[PDB]
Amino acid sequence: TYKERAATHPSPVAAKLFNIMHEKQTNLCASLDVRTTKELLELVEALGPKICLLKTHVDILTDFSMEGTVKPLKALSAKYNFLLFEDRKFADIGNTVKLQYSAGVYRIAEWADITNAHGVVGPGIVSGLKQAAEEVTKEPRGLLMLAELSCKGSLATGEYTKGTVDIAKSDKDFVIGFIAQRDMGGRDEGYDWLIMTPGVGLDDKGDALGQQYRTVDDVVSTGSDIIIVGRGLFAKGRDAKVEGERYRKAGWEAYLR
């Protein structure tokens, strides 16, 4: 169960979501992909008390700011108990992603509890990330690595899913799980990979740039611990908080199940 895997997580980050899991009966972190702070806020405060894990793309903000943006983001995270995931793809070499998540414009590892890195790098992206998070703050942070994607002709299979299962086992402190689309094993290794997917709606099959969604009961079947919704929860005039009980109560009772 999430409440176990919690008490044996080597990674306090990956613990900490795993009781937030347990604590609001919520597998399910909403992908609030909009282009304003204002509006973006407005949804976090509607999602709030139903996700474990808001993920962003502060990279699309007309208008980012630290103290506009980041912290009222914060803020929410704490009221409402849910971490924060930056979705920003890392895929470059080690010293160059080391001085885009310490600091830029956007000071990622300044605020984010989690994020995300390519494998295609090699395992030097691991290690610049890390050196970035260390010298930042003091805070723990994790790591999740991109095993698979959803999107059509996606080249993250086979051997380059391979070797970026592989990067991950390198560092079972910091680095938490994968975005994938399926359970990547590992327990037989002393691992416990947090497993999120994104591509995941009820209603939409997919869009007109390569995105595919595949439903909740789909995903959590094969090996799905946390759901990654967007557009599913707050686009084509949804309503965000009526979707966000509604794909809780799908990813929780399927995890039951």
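Residue numbers count along the first chain shown, from 1. Here the rigid core means the biggest group of C-alpha atoms that line up within 1.5 Å when the two forms are laid on top of each other. First, how it differs from the form deposited in another entry.
- Checking 42, 203, 63, 217 for C-alpha shifts of 2 Å or more between the two forms, after the rigid core is superposed, gives a single hit: 203.
- Annotation for residue 81: C-alpha shift under 2 angstroms between the two forms, rigid core superposed.
- Core-superposed comparison between the two forms: CA of residue 94 displaced by 2 Å or more.
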Contents of the next structure:
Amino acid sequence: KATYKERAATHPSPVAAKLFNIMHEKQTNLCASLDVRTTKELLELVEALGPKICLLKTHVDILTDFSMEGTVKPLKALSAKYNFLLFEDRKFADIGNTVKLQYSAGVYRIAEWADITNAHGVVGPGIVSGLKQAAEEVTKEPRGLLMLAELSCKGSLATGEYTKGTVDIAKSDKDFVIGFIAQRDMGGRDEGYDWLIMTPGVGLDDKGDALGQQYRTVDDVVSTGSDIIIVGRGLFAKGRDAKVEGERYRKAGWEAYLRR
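Switch from the form deposited in one PDB entry to the form deposited in another entry and give that structure.
Shown next is a single chain and nothing more.
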């Protein structure tokens, strides 16, 4: 693939162009996925990881104290201050007015602040057109969508055929669908598509770390096409120093990318 800088300059999606530029300018392809219970811990971790990431994945459904004033406002400030985008984990899986309101309303009003969201392809292209229209009605800010093409959970049904079907759905809107959550390259270059491949379940094979060794290494995934590494608990759990881990993973991810 071309370099992140090059892809930024030619990408049809304003959100994708912005993200690729962030990656180049900050020399990072690291996305921190913070699934924590309190806004307090969330804001502390984001502050520490801000300079190291190109993207922050939130999980508002598990916060015990979510508030637009206390959670979203500060998050956006950090996002602007440190220059990184927001990606809400909520795995949308419906169509029409239902998915539009799940994205625009509720207490989370996700569309008002999440630069990027992701959706299951099983329901069909309707999830794309629906979220796309909600985004336009909700805010002037650009918005992007990733399709959950390949799942990592045990016994998932994201088979080769399901993945292909999801990729076809993605092709229906290159302006809004900027890529996939996947475990490998999804192609599309020959057809004029430039998809961001974001991959979760990534580790660094740390000495004596059995749990971490269950995941694929940064080198492994970046080598096979991943554009962004999604790292979660490995950055802050078990007493780890988020800022230190953030640099470790950023460094590993970037060097693997350059190696490619």
